[PDB]
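Visitor: If you want the building blocks of each chain, they are given just below.
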Amino acid sequence: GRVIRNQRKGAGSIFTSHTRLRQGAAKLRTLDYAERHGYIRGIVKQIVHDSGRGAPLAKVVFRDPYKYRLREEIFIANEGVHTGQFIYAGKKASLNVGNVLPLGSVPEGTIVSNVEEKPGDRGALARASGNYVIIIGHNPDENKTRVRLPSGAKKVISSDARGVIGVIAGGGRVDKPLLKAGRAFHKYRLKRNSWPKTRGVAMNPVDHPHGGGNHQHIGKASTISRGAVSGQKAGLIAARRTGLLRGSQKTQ
Amino acid sequence: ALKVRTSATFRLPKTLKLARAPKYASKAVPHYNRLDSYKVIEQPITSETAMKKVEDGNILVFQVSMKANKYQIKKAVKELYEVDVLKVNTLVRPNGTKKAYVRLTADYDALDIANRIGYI
Amino acid sequence: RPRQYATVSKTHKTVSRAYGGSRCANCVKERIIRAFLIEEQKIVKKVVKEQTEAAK
Amino acid sequence: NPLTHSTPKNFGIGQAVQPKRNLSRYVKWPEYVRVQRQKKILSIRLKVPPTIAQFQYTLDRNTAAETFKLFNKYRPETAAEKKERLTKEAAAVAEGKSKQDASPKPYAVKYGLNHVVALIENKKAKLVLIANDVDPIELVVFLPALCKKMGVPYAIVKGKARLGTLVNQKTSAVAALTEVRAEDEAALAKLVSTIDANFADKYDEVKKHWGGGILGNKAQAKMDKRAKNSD
RNA sequence: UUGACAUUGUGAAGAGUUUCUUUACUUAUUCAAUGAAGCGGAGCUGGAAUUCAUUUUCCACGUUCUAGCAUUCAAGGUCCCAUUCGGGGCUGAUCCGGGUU
RNA sequence: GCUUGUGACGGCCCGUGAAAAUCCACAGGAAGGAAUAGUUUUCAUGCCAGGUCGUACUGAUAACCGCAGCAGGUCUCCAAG
RNA sequence: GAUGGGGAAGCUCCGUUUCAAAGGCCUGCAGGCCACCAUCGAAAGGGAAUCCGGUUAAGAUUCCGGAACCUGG
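Chains as they are written, first to last, in PDB author numbering: chain AW, 2 to 253; chain AH, 23 to 142; chain BN, 58 to 113; chain AA, 24 to 254.
In case anyone wonders, no lab produced these hints; they're calculated from the structure. Using N, Cα and C, we set each Cβ at its ideal position, and we do this for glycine too. It is possible that some hints are incorrect.
Stated by the list, open to error - Taking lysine-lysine pairs in the DSS-like style, the calculated list, with each CA pair at most 27 angstroms apart, reads:
id, chain 1, residue 1, chain 2, residue 2
1, BN, 113, AW, 93
2, AW, 145, AA, 51
3, BN, 86, AW, 60
4, AW, 93, BN, 106
5, AW, 93, AA, 32
6, AW, 92, BN, 106
7, AA, 171, AA, 92
8, BN, 99, AA, 32
9, BN, 102, AW, 92
10, BN, 99, AW, 68
11, AA, 171, AW, 92
12, BN, 102, AW, 93
13, AH, 45, AH, 25
14, AA, 32, BN, 103
15, AA, 43, AW, 93
16, AH, 39, AA, 51
17, AH, 109, AH, 97
18, AA, 245, AW, 119
Stated by the list, open to error - Only part of the chain AH face toward chain AA is listed, based on derived beta-carbon distances under 10 angstroms:
id, residue
19, 24
20, 26
21, 27
22, 29
23, 31
Said to hold, decoys possible - Far from chain AW, some chain AA residues (derived; all Cβ distances over 12 angstroms):
id, residue
24, 38
25, 102
26, 107
27, 224
Take these sequences, add in the hints, and give me the full structure.
Guide: Right, here's the structure in full:
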């Protein structure tokens, strides 16, 4: 048969990300002696809408300690921060909104955003609009704090890993319908060529497994095992269950 | 027994960078001045339209090698005819040969220079 | 346009202050005030720390 | 005094822009440098068999200088010297005295690796010096046990470059002499006694012991802490 | 995808002469960042302990109201040089291992 | 009034709608600097040069492509009563 | 899309802050600072500077007359 759609996306050509209007990637600092022992203050000069991404950004400046200059950095907004604000960062840093701290430097029940999965990864988790991540306990043994994640999950990571207080701005984006193809169109041209989308059962057998007709139907189960092959994997994958469900705990 | 390096970034330390000491003079000889003046200026152009510019505008029209340029042109004229050159404009004719309209200073009569050259 | 600022003399490109063709007067005023007051409050923090540390 | 004013700098965090310093520790060195250093360290790791742990017992500087002083007496010739001897012994003996008996018998170290090796095989050797720092090392691993089995006196030493200089060469890796004049035989025996005591006699024991095992500054101090602070 | 073998080293502990289980290590290998900046170790120092103060068990390490500013091997202090004008060294900025982390 | 440019405003977004060369300014205070004089050329004035290539005409129911002087197709500006 | 490099029997492929000893800036050398740094990529993007009148069978913001402007030195 042919090659299917999703088999092709690995090559990019059409399906890459439309990153012209992007600002620089939003990240933390490079970890260093200051954050490692003490703190440092930076100042947000302005905050801004990056395109193809909710959850607006903040351009923040710091004194280059090692040289007479300024180092600008691109943080993710935190729902209350504002221009002219001072942004303290490091191990000995104060516990307020927008400041960034390790996790051993704060208690459980606290929350945080944009958190590092590892020291000096510069932000992996809780990078999305109105999201957040929770601390639930510490363990000074191996310096391991444990957390809960917006997928409902839980994890354990180094307590020294940095994270910024609060939740990410943007919030109720999903609660607004798009109402029509066109807003979605713009929403997606600013990201990638992953939209519109044709249904496999409308396609032809050569163009998709589902494909052929006389009737828009599939023919066999759409739960394609995890030990399957690229080109077979279209539909439900590791289906531990299927259909509608209730309910419902994410993990407990 | 130590040394002070005040930056983590190391670079190739400089050295003498010798000059060349050729043994056998790569070119057996130097070329002559390929593109001399005679070679530069090829031919006058005595089309009636050109003779008009001569008679009226104090210009000489010349066919020239493509390899030239205005500086060289001017230089060659002033040598070969002992003249003051006011300015020049140039072009490429569609037959693949270069033309130059060379305006003269007020002191010189392009016409008299032409019949001095023996074309008129 | 930018490359004309090179041709023109300096009275066209600056006013007669610190931060002339760079900042507005109200911002420079602001920044002056900020400097002076913070360096005073800095002195105050210093002497407060001294009388406090020498308290015990 | 009342125009100069003493204004220190904090050089502290979040202020007082940091000064320049000796960053030789944190260098991002070149590849070859890192390679040689890391090879050294790796060799220090990875417990060394006795067959190589023979090495890195080189000498005391005093005995070193004494031995080198002895060996300098038994230098080889140079260009001009060989030139002179070959002019003269020829000029005389070719139409005169006996062939090559017209010039004296020589004395020198009899350097050169395979030459030395054959001399030892023939028991014609009297003392041996083995540079410790060869690369590759299989060249030389088999000499100490060889001289031991052959009952010959050897020592491991420092500076194959010094050995070279002893021959007016860049390096030799070896130097082992036989010819000695009667005058220096006392010092010969003097050095031999101490040297067989230090190297040769201790062979069979050193042949038992391994090397390596070292950790390095950080993990070493860490183990010291995990032992002392915890026991 | 799973198993065996090789890469693949060093220690310990031990159920049925075994040869199998976890768990110890850094050098192998692997991951990441950085113009490879401040690791580690003992410290000092400082508070706050005591005593007619001295370690005599205690403890920790200089920046946080504010949309400022922080650059010229750093000023100071201490030595040399003769110092005419200007240089140079130590501290200021503890010392020691050069395992970038 | 038509075209056109332009300004300040207002509306739109889960859309907020290039980059670099280049030019300038600011802070900075390295340095150099006047008296028989010495400093300045971002004021004016004065002097030399400014290279190479292209530059005609069509742009279509006859100059392009459609085998062709093909009713087809082919980007765009000006726009009277 | 070269280089360092790394794959591939190889034609060549990968990658373009590359696990690299990657230089040039001023005042023979002494001082000094400062560096992810090939190169190409738009005749409609960006961009230093010009206009009038007149002239030819056919050229013109290009020529002539007049009047400017910008760069560089």
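Visitor: Now tell me, hint by hint, if it's right for this structure.
Guide: We went through each hint and held it up to the structure:
Note on residue 113 of chain BN and residue 93 of chain AW: the hinted pairing holds, with a Cα-Cα distance of about 25 angstroms set against a maximum of 27 angstroms. At most 27 angstroms may separate the alpha-carbon atoms for a hinted pair to count; residue 145 of chain AW and residue 51 of chain AA exceed this at roughly 31 angstroms. Only pairs whose Cα atoms come within 27 angstroms are accepted, and residue 86 of chain BN paired with residue 60 of chain AW is accepted, the gap being roughly 25 angstroms. At most 27 angstroms may separate the alpha-carbon atoms for a hinted pair to count; residue 93 of chain AW and residue 106 of chain BN meet this at roughly 19 angstroms.
Restraint check for residue 93 of chain AW and residue 32 of chain AA: the C-alpha separation of about 22 angstroms stays at or below 27 angstroms, so the hint holds. The straight-line distance between the Cα atoms of residue 92 of chain AW and residue 106 of chain BN is roughly 23 angstroms, inside the 27 angstroms bound, and the hint therefore holds. Under the criterion of a C-alpha separation no larger than 27 angstroms, the hint pairing residue 171 of chain AA with residue 92 of chain AA is consistent with the structure, at around 25 angstroms. A distance of roughly 15 angstroms separates the Cα atoms of residue 99 of chain BN and residue 32 of chain AA; the hinted pair therefore holds under the 27 angstroms criterion.
Among the hinted pairs, residue 102 of chain BN with residue 92 of chain AW is consistent with the structure: their alpha-carbon atoms are about 23 angstroms apart, no more than 27 angstroms. With a CA separation close to 24 angstroms, the supplied pair residue 99 of chain BN and residue 68 of chain AW stays within the 27 angstroms bound. For a cut-off of 27 angstroms, the pair hint linking residue 171 of chain AA to residue 92 of chain AW is broken: about 64 angstroms separates their Cα positions. Note on residue 102 of chain BN and residue 93 of chain AW: the hinted pairing holds, with a Cα-Cα distance of about 20 angstroms set against a maximum of 27 angstroms.
Between residue 45 of chain AH and residue 25 of chain AH the alpha-carbon distance is near 42 angstroms, which puts this suggested pair outside the 27 angstroms criterion. Only pairs whose Cα atoms come within 27 angstroms are accepted, and residue 32 of chain AA paired with residue 103 of chain BN is accepted, the gap being roughly 15 angstroms. Restraint check for residue 43 of chain AA and residue 93 of chain AW: the C-alpha separation of about 25 angstroms stays at or below 27 angstroms, so the hint holds. Taken as a hint, the residue 39 of chain AH and residue 51 of chain AA pair is honoured in the structure, with Cα atoms around 26 angstroms apart against an allowance of 27 angstroms.
With a CA separation close to 12 angstroms, the supplied pair residue 109 of chain AH and residue 97 of chain AH stays within the 27 angstroms bound. The suggested pairing of residue 245 of chain AA with residue 119 of chain AW holds, with an alpha-carbon distance near 24 angstroms, which does not exceed 27 angstroms. The restraint placing residue 24 of chain AH at the interface with chain AA holds, with a minimum CB-CB distance near 8 angstroms, inside the 10 angstroms limit. With a least beta-carbon distance of about 5 angstroms to chain AA, the hint placing residue 26 of chain AH at the interface is held under the 10 angstroms criterion.
Look at residue 27 of chain AH: its Cβ gets to within about 5 angstroms of chain AA, closer than 10 angstroms, so that hint holds up. About 6 angstroms separates the beta-carbon of residue 29 of chain AH from the nearest beta-carbon of chain AA, less than 10 angstroms, and the hint is met. Because the closest C-beta pair between residue 31 of chain AH and chain AA is about 6 angstroms apart, less than 10 angstroms, the hint holds. Not every CB of chain AW is more than 12 angstroms from the CB of residue 38 of chain AA (nearest about 8 angstroms), against its label as outside the interface.
In this structure residue 102 of chain AA is separated from chain AW by more than 12 angstroms, as the shortest Cβ-Cβ distance comes to about 59 angstroms. With a closest Cβ-Cβ approach of about 67 angstroms to chain AW, residue 107 of chain AA is found to remain outside the 12 angstroms limit, as its non-interface label requires. Here residue 224 of chain AA stays apart from chain AW, with its beta-carbon at least about 52 angstroms from theirs, past the 12 angstroms limit.
Consistency with the previously given hints fails for numbers 2, 11, 13, 24, ordered from lowest to highest.
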